[PDB]
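J.: Here is what each chain is made of, one letter per residue.
6 protein chains.
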Amino acid sequence: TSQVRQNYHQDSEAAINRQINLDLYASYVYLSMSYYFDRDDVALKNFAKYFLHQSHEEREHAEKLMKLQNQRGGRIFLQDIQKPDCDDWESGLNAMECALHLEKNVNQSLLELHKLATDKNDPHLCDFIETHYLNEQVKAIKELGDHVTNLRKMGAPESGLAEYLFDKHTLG
Amino acid sequence: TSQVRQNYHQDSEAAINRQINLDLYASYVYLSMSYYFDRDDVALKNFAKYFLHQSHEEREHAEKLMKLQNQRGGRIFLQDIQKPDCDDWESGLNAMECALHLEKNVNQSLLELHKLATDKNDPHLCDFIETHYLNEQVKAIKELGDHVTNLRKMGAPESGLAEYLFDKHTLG
Amino acid sequence: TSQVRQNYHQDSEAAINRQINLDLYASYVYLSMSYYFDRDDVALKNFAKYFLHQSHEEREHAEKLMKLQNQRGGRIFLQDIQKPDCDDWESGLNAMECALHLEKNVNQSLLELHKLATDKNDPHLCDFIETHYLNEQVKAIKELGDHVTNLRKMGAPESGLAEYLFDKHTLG
Amino acid sequence: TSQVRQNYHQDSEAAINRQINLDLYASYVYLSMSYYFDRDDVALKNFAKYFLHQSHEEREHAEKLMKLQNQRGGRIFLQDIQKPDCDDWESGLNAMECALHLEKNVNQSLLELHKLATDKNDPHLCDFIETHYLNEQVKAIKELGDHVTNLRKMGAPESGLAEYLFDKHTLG
Amino acid sequence: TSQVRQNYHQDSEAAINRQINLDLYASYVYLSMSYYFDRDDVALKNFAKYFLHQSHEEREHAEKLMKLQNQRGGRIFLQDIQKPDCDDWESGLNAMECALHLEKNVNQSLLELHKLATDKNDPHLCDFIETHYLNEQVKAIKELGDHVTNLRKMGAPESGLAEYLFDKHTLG
Amino acid sequence: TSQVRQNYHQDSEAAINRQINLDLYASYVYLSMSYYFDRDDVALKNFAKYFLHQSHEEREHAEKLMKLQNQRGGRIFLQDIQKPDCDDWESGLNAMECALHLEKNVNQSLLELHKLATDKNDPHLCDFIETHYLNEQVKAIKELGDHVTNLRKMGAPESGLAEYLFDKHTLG
Ligand SMILES: [Zn+2]
Ligand SMILES: [Zn+2]
Ligand SMILES: [Zn+2]
Ligand SMILES: [Zn+2]
Ligand SMILES: [Zn+2]
Ligand SMILES: [Zn+2]
Ligand SMILES: [Zn+2]
Ligand SMILES: [Zn+2]
Ligand SMILES: [Zn+2]
Ligand SMILES: [Zn+2]
Ligand SMILES: [Zn+2]
Ligand SMILES: [Zn+2]
Ligand SMILES: [Zn+2]
Ligand SMILES: [Zn+2]
Ligand SMILES: [Zn+2]
Ligand SMILES: [Zn+2]
Ligand SMILES: [Zn+2]
Ligand SMILES: [Zn+2]
Ligand SMILES: [Zn+2]
Ligand SMILES: [Zn+2]
Ligand SMILES: [Zn+2]
Ligand SMILES: [Zn+2]
Ligand SMILES: [Zn+2]
Ligand SMILES: [Zn+2]
Ligand SMILES: [Zn+2]
Ligand SMILES: [Zn+2]
Ligand SMILES: [Zn+2]
Ligand SMILES: [Zn+2]
Ligand SMILES: [Zn+2]
Ligand SMILES: [Zn+2]
Ligand SMILES: [Zn+2]
Ligand SMILES: [Zn+2]
Ligand SMILES: [Zn+2]
Ligand SMILES: [Zn+2]
Ligand SMILES: [Zn+2]
Ligand SMILES: [Zn+2]
Ligand SMILES: [Zn+2]
Ligand SMILES: [Zn+2]
Ligand SMILES: [Zn+2]
Ligand SMILES: [Zn+2]
Ligand SMILES: [Zn+2]
Ligand SMILES: [Zn+2]
Ligand SMILES: [Zn+2]
Ligand SMILES: [Zn+2]
Ligand SMILES: [Zn+2]
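Chains A, B, C, D, E and F, in that order, are what the protein sequence lines are. Numbering-wise (full-length UniProt numbering), the first sequence opens with residue 6 and increments by one. Numbering-wise (full-length UniProt numbering), the second sequence opens with residue 6 and increments by one. Numbering-wise (full-length UniProt numbering), the third sequence opens with residue 6 and increments by one. Numbering-wise (full-length UniProt numbering), the fourth sequence opens with residue 6 and increments by one. Numbering-wise (full-length UniProt numbering), the fifth sequence opens with residue 6 and increments by one. Numbering-wise (full-length UniProt numbering), the sixth sequence opens with residue 6 and increments by one.
Certain hints may be false.
Unchecked claim - Residues of chain E placed beyond 10 Å of chain B at every Cβ, according to the derived structure: (1) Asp45; (2) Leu166; (3) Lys173.
Stated by the list, open to error - List of simulated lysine-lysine pairs, DSS-like, C-alpha gap at most 25 Å: (4) D:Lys158 with C:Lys69; (5) B:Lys158 with F:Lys50; (6) A:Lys72 with B:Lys120; (7) E:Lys72 with D:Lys54; (8) C:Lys109 with B:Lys72; (9) E:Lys144 with C:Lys69; (10) D:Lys50 with E:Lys88; (11) B:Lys173 with F:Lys50; (12) C:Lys144 with B:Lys120; (13) E:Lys88 with C:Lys125; (14) C:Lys88 with A:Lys50; (15) F:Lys125 with E:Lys54; (16) E:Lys125 with B:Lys144; (17) C:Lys88 with D:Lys88; (18) F:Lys88 with E:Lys88; (19) B:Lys173 with F:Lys54; (20) F:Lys125 with F:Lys72; (21) B:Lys54 with F:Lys173; (22) A:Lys50 with C:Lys158; (23) C:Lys173 with A:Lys173; (24) E:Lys158 with D:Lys158; (25) C:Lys144 with A:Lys54; (26) E:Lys144 with D:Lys54; (27) F:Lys173 with B:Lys173; (28) F:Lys50 with E:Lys72; (29) A:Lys173 with C:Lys144; (30) A:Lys54 with B:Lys69; (31) E:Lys158 with C:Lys120; (32) A:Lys50 with B:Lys72; (33) D:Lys173 with E:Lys144; (34) B:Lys173 with F:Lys158.
For the record, the hints were derived by calculation from the structure and aren't laboratory data. Backbone N, C-alpha and C fix where the C-beta goes; we use that ideal spot for every residue, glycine too.
Construct the entire structure; sequences and hints are all you get.
T.: Dropping the structure here:
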């Protein structure tokens, strides 16, 4: 037992390790999406930049969880980072829809982690998740929904003109 | 076949995808090492910072290869990022020795990629590897060897004083 | 034989003179394209500016080869600069497609020059072509492919609206 | 007929296309002269710089004529740019004498173009040639004559010392 | 075997030690030339400054090779630096001709080193020689040829006036 | 006899040539020491920097003697620069001890040169040696003795920790 450990349940420690993996996975999904938009036969540079930014942000989410694990005297155990479900992301709209789905899955995991913190009476962990994770998820989900709505209303994915103009006027 | 593709062999394309995975793997190894040094029972903050910096650099190596793949009209295929061989890295000296081994393995992969480029008469690929990868590897290997030598000569790993002072006076 | 000449094969000297002509030819193609877009019945000012910039760049490519010829003690022999294959370039998309074809032809010539340098064991010439020419070609081909893809996806050449908006939002 | 065309005779349009070619030709002559002075066995760097400057200026003359053609609703038709009459320009004095001859030939062409403009009662074209071309020619011819006179009086071409000192003290 | 050594042939290591000596030798030749021009009975201060600058540059060439040897895990073995072939360099022209000969000999050694790197499939060494040495040699040879040509054309070595004026107007 | 020569004995001239060689030799010894500390299996970067600085300084000592020779109308005669007695310098302490020995040998040579100047009633030479050489030697010897004392008292050469800490805290 770490000299620093206090009020930190083994189940919470294990859940934090699962969430570290999930955020690394999310970073990898967005990395794949980014470079899909960098292909010469897709060529939407601002979709590419947008998803690369999200990829680096997810990696920061994972590092802050790793820091948390050590702060509480837990021990980090890393697992393989699974490759994303898709190699080809089809369209800007489809990538946005996939990102929305991903963020809702990450949110569900964080809400389950918060419930575990509650159940184990770990207010420091509750506060950590609330302060640093839950509103980030709500903001991300709202932003992605807004993007999906605009792309659909503009006529994507069939209108390549729509995705081109959204790339310039929203993601620019 | 991509409209941009020219003088780019399928074997080279496949090798670039393997190297993307290897550099992501290297980023993950260094991430794990970094947070080992952040543990309360290790507590070498400059070893932690040094390995986090290397982790972010390896991720940049991988992104530049992804950019290359698309520049040449190849198609990126991502694979799982395997977890590192160790969860516990033992000591600053041991982590440095492991990093040296890793960088020599990465170098061997890059040298094999260069040989493939030569064999397929792909001077653009040869130049890319020479310019952006081979001297970075030689510099990294030299730096890690220098670190290993100093730590050994100072009395690491047995002298916790040695690793403490190296953390301050070399990695600070 | 020039007092400076060393390890410079007569075939390499002749190939450099052919490449000087090819780069001057490329400058002329882009000059013609530029002023096509300046016509009152075409009137795409940013396509015009884009191709004029490429024209001046090709002229710089040719001058640097002329400098190289003299650096190595070869003798420059100029040939006529042939007029481009087209007087009327049809559309922004068609001009981009023509430019892509041209750059791939220039690239093929440079790759053949590099192979000659290899065959004659002229590492200075190999380095000159790799450093100053081959990645410029790869970047140019990628950029033109990206432009072609966007114009096609926006609905060019039939949509004059597409070419108008690309002129403003990409080439502006 | 272009929507912009007004008072622009077909003969004037054809003459402007001939003059575009002549100015491109002049740019090529000066490019060849420039790099002759860059040879290791000639090695007069300021003669080289002087003629490269004139080469770029002639290209600007040609571009302004191309702009004029489109302004008036004429259609640009490019022709091959013939290689210069000489590969070896002999001496600084000889190159200057050749340049003087060239500029007087260009001037004769411009004076014939002005006469055509007069004959077709095209005052806009008359003004264009007078304002942008005729005094440039008179200044260029005077400058080249001055250079020829100095080089002759200093003892060129036989005195390599003369050409060396003129390169430093006049063209520097 | 050094912990850093990888893909570094013993023949390459030995060749790098020979080249270190050759560059030190070149530094010594130029040091001797410099102070010849500082003699009261020669008294060409800018020839003296020019050759002292080249002497210090050759020493930097040698130090960068020493750095390379250690980077690759080779071991530096120094040899005597032989005195130059001449004590008296005769004239500015003769010194320039001697320097041209020296630089072509150094170039031949570097080209042989590059060929060895190729033969031993050492792309890092190939890149090192190409990037840091081969174009420096081509530039140096071209500059010295240009100087020789000017001095000859001005009437050196018989014209002390020529060497005086070149010292002021070229080397100043 | 040089037009400038006055009160300058042939023996003094010969002694100045011997001292030029000795200072070049000293520059070479320190160059060798510097790069020994740059080896991956030694890796003391501040010892390396310290000895490289001394190497460049000795070269300046030699150049100032060459200037002196010409100032007085003597003639410089260069000799081979002998390779140092050691390839491997063993330790920081051993290198410092070797440097101390070298500087005392250089000092003995300078004191003998001063005695010769006295014997030949050459006060300009006496002043040159006193002003520019003798106190530099006394300062260098004192500094090296101080370094030797500290390294010995810290426990070098057996304590690699000692040499590491001296590298940081004294030579940093
Ligand atoms: Zn963000
Ligand atoms: Zn996240
Ligand atoms: Zn980070
Ligand atoms: Zn898997
Ligand atoms: Zn997220
Ligand atoms: Zn709470
Ligand atoms: Zn709560
Ligand atoms: Zn709160
Ligand atoms: Zn770094
Ligand atoms: Zn890497
Ligand atoms: Zn990045
Ligand atoms: Zn696994
Ligand atoms: Zn690495
Ligand atoms: Zn290559
Ligand atoms: Zn190669
Ligand atoms: Zn450009
Ligand atoms: Zn080009
Ligand atoms: Zn130019
Ligand atoms: Zn033709
Ligand atoms: Zn091009
Ligand atoms: Zn090469
Ligand atoms: Zn090559
Ligand atoms: Zn290169
Ligand atoms: Zn001008
Ligand atoms: Zn003109
Ligand atoms: Zn222009
Ligand atoms: Zn012709
Ligand atoms: Zn003109
Ligand atoms: Zn008028
Ligand atoms: Zn008129
Ligand atoms: Zn220089
Ligand atoms: Zn050199
Ligand atoms: Zn140096
Ligand atoms: Zn000898
Ligand atoms: Zn050199
Ligand atoms: Zn190579
Ligand atoms: Zn090579
Ligand atoms: Zn000093
Ligand atoms: Zn000294
Ligand atoms: Zn100096
Ligand atoms: Zn010897
Ligand atoms: Zn000394
Ligand atoms: Zn005295
Ligand atoms: Zn005295
Ligand atoms: Zn300290």
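J.: Going through the earlier hints one by one, which of them does the structure break, listed in rising order?
T.: 4, 6, 7, 10, 13, 14, 15 and 31
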